[PDB]
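First comes the structure, then the notes that go with it.
The excerpt is restricted to a subset of chains, each kept in its original location.
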Amino acid sequence: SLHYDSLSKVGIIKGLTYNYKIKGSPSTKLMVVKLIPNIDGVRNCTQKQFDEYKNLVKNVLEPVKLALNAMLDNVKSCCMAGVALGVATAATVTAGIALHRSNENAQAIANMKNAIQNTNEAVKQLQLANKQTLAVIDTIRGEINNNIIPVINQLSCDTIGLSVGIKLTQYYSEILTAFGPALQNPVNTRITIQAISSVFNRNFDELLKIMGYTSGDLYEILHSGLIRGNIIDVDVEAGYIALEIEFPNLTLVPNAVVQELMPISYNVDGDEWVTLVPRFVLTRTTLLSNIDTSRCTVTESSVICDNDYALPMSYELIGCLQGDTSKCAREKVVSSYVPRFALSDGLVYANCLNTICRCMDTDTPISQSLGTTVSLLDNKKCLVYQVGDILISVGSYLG
Amino acid sequence: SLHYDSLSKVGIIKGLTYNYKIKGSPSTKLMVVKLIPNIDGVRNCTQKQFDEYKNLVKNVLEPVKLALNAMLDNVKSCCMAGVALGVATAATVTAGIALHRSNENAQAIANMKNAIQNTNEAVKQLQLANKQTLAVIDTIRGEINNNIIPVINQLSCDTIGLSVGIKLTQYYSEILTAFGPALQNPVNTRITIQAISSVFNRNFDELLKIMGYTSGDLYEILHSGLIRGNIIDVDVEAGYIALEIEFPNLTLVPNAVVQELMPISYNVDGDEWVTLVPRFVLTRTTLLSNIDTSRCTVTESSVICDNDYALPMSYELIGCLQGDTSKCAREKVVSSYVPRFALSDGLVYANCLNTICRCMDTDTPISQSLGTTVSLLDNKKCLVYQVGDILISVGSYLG
């Protein structure tokens, strides 16, 4: 679709071509982050700090459960009730309906309250009544079992209490850091698996492993941050927040590719100029449009986004990319650093009056006219060239 | 202020309304972060590493004290002398004046040098001579008391020295990570309580607790990053930096609200279009202006900023919001992901030709004319509507 010859004459060079992927059809698994740990090994010396920690956990989980109930009541009443909400965007109403649909798994999790409380190690997998599986997180119990139980004989009782109080304070701080935006807005906020794992020593590989997935396998999903987490249920007395973590599938957009453009400085009457274009241009069947690659993720061979994220292009840029190059944006190179050459289709295009161009077959400098912008380098005249510092071999123009 | 009817006809929907808050009248408390810890218990095996760490701390703290002794004497000379400072912005001169005003607390801290040095646990509160209270941070001493002292019988002397050297290097690295911008510009740089706590295992709840504030009650200040810290005094021989932490009060701006606008796709002759506006618009008594919500923090009911940040609005955009909708910024949709419906004051506004609309109330579809942009759904015709995937009940227009 792009007019590559005119763009090369203006100094715009075809780059890599990527596939394009969108989140779709997510699969979900359950996870319970227990805020009040099981401390049966050190229960005697932690009496004062544990009650304070329980009160602090209750004071931060009560508004969360109140906000969850204020959302469930709206749906349970009727179908979201457009009167009870008053105002919201489409995403909020969709999230509320999804939360009501997930209330069944919330009740299934709440059925396992005693088994959740009786977990006595860092990560445990429990068989749910619906034949599902959920992961229990007991980060403090890992700290206890690793740092206090092996040395329980040496430490005095007051020292144990102080150390466990510091550990509980640290875990509360980490929860407030990661789950902070979620506890203030439970129905809308989604937390990535890395941010969720930040309360578990940033060990997201262990979280993925216990839920059935090897971290090296899902890297196209994990890298783009598509493994989200959403609050499903909060119990203020048992002290846990349970999450439903998505593992979305990626669908190939039909007949859509993402094209990379590499800019090259070109000379006009001795002066260096760079043409200003988006570095990524999305090509559909009959349309050409921008793509905000910052909010997406660029992999080795594909571009992954959670939504379509396609944006229209100005008529000037459309004309620039379709062959009317007089309308392209361009700026003077007062800097000393710009790419003076690039390699595409086995041919190196270089700006030979602003950088040196030499042949190795005969050590003579090739001349490019002041009446042309970028010179084509290929096997028709010379076989291996030196541009700037580097010297590379080159294919043929006939290809 | 806003003309909601014309905006709805253009596809702009009234959202949530927030209060507006600004930092004002801060209260201050003192903390002493000690770089050179008390090392009693392992002093014999750490002789080589401790002296090297002391020299490194001296080398990193001497330029800080040199700069502090500058701005202070600049005031002590006279009032900030304009001849000695040569060039400075208003914030720098105000910060220097505040530093001189806090030099009294700096001297009070320096009076407690022996007690600060003799602290032998992670966090200790000392009664100052002015009846003030300050918090001592001894992060390495906590690491020692938790990891070396309980197993002091098993470790050989060389292993203790190597491990404590690694711990000292780790803490010095964390100090350079957090206080790095501060130690090269002490009078201007302000460090948030989370970034300060990053040298204390990211445990800011412990820092707030020892200084008298519960983290769960202080969230409206803590979340927006208004709990800052400023260098007040550095002692190169005792090896500590003393910080003064602000706990500002939030003032309600008189008769000022922040209005959220949510965009909705609207159709003209079959094509999807989205109107571009700021998502947050600030409304004063008789003025309308933008607000940089990126710098601010949006809570569940209010917007919190350290400065008012009331940027002005373009004349075209002002005309667009006040009723002249012909001048609004308008953009074609070339993406599958655009919000097609929104819910406000019990009514739902939807694009029924670019997404499906039906009446679950009477099992009939909902056609809107091609001559209108956005259709109004209310209880005049059907009681329950289905828009897209999701179906919602709806209030009445007469309200």
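As written, the chain order gives the labels A and B, with residue 1 at the start of each chain.
Criterion: a contact is a pair of C-beta atoms (placed from the backbone, for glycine too) under 8 Å apart; a residue touches a chain by one contact, two chains touch by 3 or more.
Here 2 copies of the chain are placed, and the complete complex recorded in this file has 3 of them.
As a working rule, only the chains that are shown with their structure count from here on.
The centroid of the Cα atoms in subunit A and the matching centroid in subunit B are 22 Å apart. For subunit A in complex with subunit B, the residues that touch the partner chain are 56, 59-60, 78-83, 85-91, 93-94, 97, 147, 151, 154-155, 159, 162-163, 166, 169-170, 172-174, 176-177, 180, 184-185, 287, 289, 307-312. Subunit B meets subunit A in the complex at residues 14-16, 121-122, 142, 145-147, 150-151, 194, 197, 201-206, 209, 214-217, 219, 223, 262, 299-300, 331-337, 339-348, 360, 384, 389-395.
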